[PDB]
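So you can see what is in the structure, the chains are spelled out below.
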Amino acid sequence: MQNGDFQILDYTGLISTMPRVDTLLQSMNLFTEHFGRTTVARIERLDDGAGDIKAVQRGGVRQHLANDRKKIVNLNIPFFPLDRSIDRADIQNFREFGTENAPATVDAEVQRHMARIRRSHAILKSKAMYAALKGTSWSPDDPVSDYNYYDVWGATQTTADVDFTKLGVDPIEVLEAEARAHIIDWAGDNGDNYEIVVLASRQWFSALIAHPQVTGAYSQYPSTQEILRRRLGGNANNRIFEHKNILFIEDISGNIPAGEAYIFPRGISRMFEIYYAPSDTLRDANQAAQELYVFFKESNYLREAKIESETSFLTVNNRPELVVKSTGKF
Amino acid sequence: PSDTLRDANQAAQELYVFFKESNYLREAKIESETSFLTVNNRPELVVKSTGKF
Amino acid sequence: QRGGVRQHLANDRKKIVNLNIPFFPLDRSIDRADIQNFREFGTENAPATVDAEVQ
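Protein chains in written order, with UniProt numbering: chain A, 1 to 330; chain B, 278 to 330; chain C, 57 to 111.
If you are wondering where the hints come from, they were derived from the structure by calculation, not from laboratory data.
Backbone N, C-alpha and C define an ideal beta-carbon position, used for all residues, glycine too.
Some hints could be false.
Dumping the calculated DSS-like pairs for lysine-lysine here, alpha-carbon to alpha-carbon at most 27 Å [stated by the list, open to error]:
{"no.": "1", "chain 1": "A", "residue 1": "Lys166", "chain 2": "A", "residue 2": "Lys306"}
{"no.": "2", "chain 1": "A", "residue 1": "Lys166", "chain 2": "A", "residue 2": "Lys297"}
{"no.": "3", "chain 1": "A", "residue 1": "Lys166", "chain 2": "A", "residue 2": "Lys325"}
{"no.": "4", "chain 1": "B", "residue 1": "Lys306", "chain 2": "A", "residue 2": "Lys306"}
{"no.": "5", "chain 1": "B", "residue 1": "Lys325", "chain 2": "A", "residue 2": "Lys297"}
{"no.": "6", "chain 1": "A", "residue 1": "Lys244", "chain 2": "A", "residue 2": "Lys329"}
{"no.": "7", "chain 1": "B", "residue 1": "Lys329", "chain 2": "A", "residue 2": "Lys306"}
{"no.": "8", "chain 1": "A", "residue 1": "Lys306", "chain 2": "C", "residue 2": "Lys70"}
{"no.": "9", "chain 1": "A", "residue 1": "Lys71", "chain 2": "A", "residue 2": "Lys166"}
{"no.": "10", "chain 1": "A", "residue 1": "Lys306", "chain 2": "A", "residue 2": "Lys244"}
{"no.": "11", "chain 1": "A", "residue 1": "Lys297", "chain 2": "B", "residue 2": "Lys329"}
DEER-style ranges, computed between Cβ atoms [what the hints assert, rightly or not]:
{"no.": "12", "chain 1": "B", "residue 1": "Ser309", "chain 2": "A", "residue 2": "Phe295", "range": "31 to 39 Å"}
{"no.": "13", "chain 1": "C", "residue 1": "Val61", "chain 2": "A", "residue 2": "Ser269", "range": "36 to 44 Å"}
{"no.": "14", "chain 1": "A", "residue 1": "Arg20", "chain 2": "C", "residue 2": "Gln63", "range": "35 to 43 Å"}
{"no.": "15", "chain 1": "C", "residue 1": "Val61", "chain 2": "A", "residue 2": "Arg283", "range": "48 to 56 Å"}
{"no.": "16", "chain 1": "A", "residue 1": "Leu247", "chain 2": "C", "residue 2": "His64", "range": "50 to 58 Å"}
{"no.": "17", "chain 1": "B", "residue 1": "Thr311", "chain 2": "A", "residue 2": "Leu9", "range": "30 to 38 Å"}
{"no.": "18", "chain 1": "C", "residue 1": "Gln63", "chain 2": "A", "residue 2": "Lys166", "range": "45 to 53 Å"}
{"no.": "19", "chain 1": "A", "residue 1": "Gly51", "chain 2": "C", "residue 2": "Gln63", "range": "52 to 60 Å"}
{"no.": "20", "chain 1": "B", "residue 1": "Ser309", "chain 2": "A", "residue 2": "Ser120", "range": "38 to 46 Å"}
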């Protein structure tokens with residue numbers, strides 16, 4: 001590498017940095033994938049139950065039953081494009097920024113753009129699931145869908161608030177009573193022992209552990225999962241805790257508002273779904289959709305290169321009833 | 278080099294000639310390109326003369 | 057919205073720095089007089105040897 005006009009120097013190395021991308025929700029595998037053909041989907045509901053029988057005199061009048069109930073809904077899907085171009089001036093006289101004298105190559109910039117586009121698509125997909133879990137679809141600046149599942153299906157948001165400043169009150173005694181009772185009374189089918197999971201912001205999860213009740217619970221004899229001397233979840237970035245037949249997870253991504261936590265059960269059928277629609281191309285029109293489409297074009301006149309990527313999907317929550325907005329006070 | 282994406286920093290040539298015939302079979306194009314500079318390294322060694330008439 | 061207009065991506069970042077290096081010398085010599093008549097310390101009678109100081 002060249003130093004001032006009459007001097008030289010030694011090039012040493014390259015340092016690169018990039019922000020973290022979270023994949024916890026992807027890892028948990030809570031969403032089922034459906035590849036459709038159109039941009040409209042249907043969902044069928046069929047709810048049934050029973051009534052009570054009242055006593056009547058013998059030999060006189062009789063009693064009659066009611067009938068069932070049905071509902072049908074429809075939904076649309078948004079679109080997400082992403083494009084970029086490359087010009088001569090970007091590589092005309094710019095050193096590669098790698099080795100000492102290698103000239104800039106179009107391929108390197110193409111790979112950089114590929115990486116950036118992939119990262120952006122992954123981030124968008126991550127944000128979509130977080131938005132869906134909250135009970136609303138993700139479609140910024142696109143009021144065409146803006147579907148609020150609580151309003152669409154008809155429901156209300158259970159709170160199950162908890163206060164941590166009361167050292168003499170175990171917070172779990174409110175979570176159990178409210179959340180688990182509501183979930184059991186609203187499972188809809190006839191099940192048992194549903195597993196409960198909780199997503200907590202850093203502040204909420206950190207405050208929960210420090211509560212005197214939990215510490216006193218495990219302090220006096222070893223048991224297992226030694227909170228005091230080990231670390232929750234080992235050395236992994238995402239801490240894990242399990243107390244009173246519940247699983248607690250910390251949200252590193254920070255998408256959850258600070259101090260808030262969402263409680264939902266596992267195992268329930270078809271609570272979460274995601275649908276993919278085809279792109280705006282003759283090859284894929286009316287065909288089976290794919291996760292992501294990437295295109296690349298080199299100008300036949302040697303004076304341009306362009307990159308193209310697009311995708312279209314929707315995240316749907318089929319049961320707003322089983323999401324509880326835990327809110328902490330400190 | 279020429280102002281083209283495939284040789285923006287590759288090397289130089291005396292004279293570039295590009296011939297393109299439209300993909301729709303209705304027009305054709307011819308382009309030429311060349312960039313250079315002539316250098317006189319020793320101006321001290323050239324004498325300029327003028328005279329009356 | 058589908059069939060309308062598209063969006064584009066942003067640019068990149070770069071930085072460079074430069075640094076110098078120091079220098080650290082160390083020297084020492086040895087002479088005849090230092091071992092001509094002296095006796096190896098810690099030994100009864102062995103005469104002084106040149107290598108025993110170089111080491």
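Q: Sort out whether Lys166 (chain A) lies within 27 Å of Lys71 (chain A), counting only the CA atoms.
A: violated, 45 Å
Q) Regarding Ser309 (chain B) and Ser120 (chain A), is the given constraint of 38 to 46 Å on their beta-carbon distance met? A) holds, 42 Å
Q: Could you grab the alpha-carbon distance between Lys297 (chain A) and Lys329 (chain B) and see if it respects the 27 Å cut-off?
A: Outside the cut-off at roughly 67 Å; violated.
Q) Per the hint of 50 to 58 Å, is the separation of the Cβ atoms of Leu247 (chain A) and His64 (chain C) within bounds? A) Since the Cβ atoms of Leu247 (chain A) and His64 (chain C) sit about 42 Å apart, the hinted range of 50 to 58 Å is violated.
Q: Return holds or violated for the Cβ distance of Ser309 (chain B) and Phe295 (chain A) against the range 31 to 39 Å.
A: About 33 Å separates the Cβ atoms of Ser309 (chain B) and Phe295 (chain A), which means 31 to 39 Å holds.
(Q) Does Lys244 (chain A) sit within 27 Å of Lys306 (chain A), going by the straight-line distance between their CA atoms? (A) violated, 56 Å
Q: Kindly confirm whether 52 to 60 Å is satisfied by the beta carbon distance between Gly51 (chain A) and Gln63 (chain C).
A: This hint holds: roughly 56 Å between Cβ atoms.
Q. Between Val61 (chain C) and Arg283 (chain A), is the Cβ distance one that fits in 48 to 56 Å?
A. violated, 22 Å
Q. Between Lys166 (chain A) and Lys297 (chain A), does the CA-CA distance stay at or below 27 Å?
A. violated, 63 Å
Q.
Check the hint pairing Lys166 (chain A) with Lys325 (chain A) against an upper bound of 27 Å on the C-alpha distance.
A. holds, 20 Å
Q. CB of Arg20 (chain A) to CB of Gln63 (chain C), is that within 35 to 43 Å?
A. violated, 24 Å
Q. Is it true that the C-beta distance of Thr311 (chain B) to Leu9 (chain A) lies inside 30 to 38 Å, as the hint says?
A. holds, 36 Å
In the structure shown, a violation is registered for the earlier hints numbered 1, 2, 5, 7, 9, 10, 11, 14, 15, 16, in ascending order.
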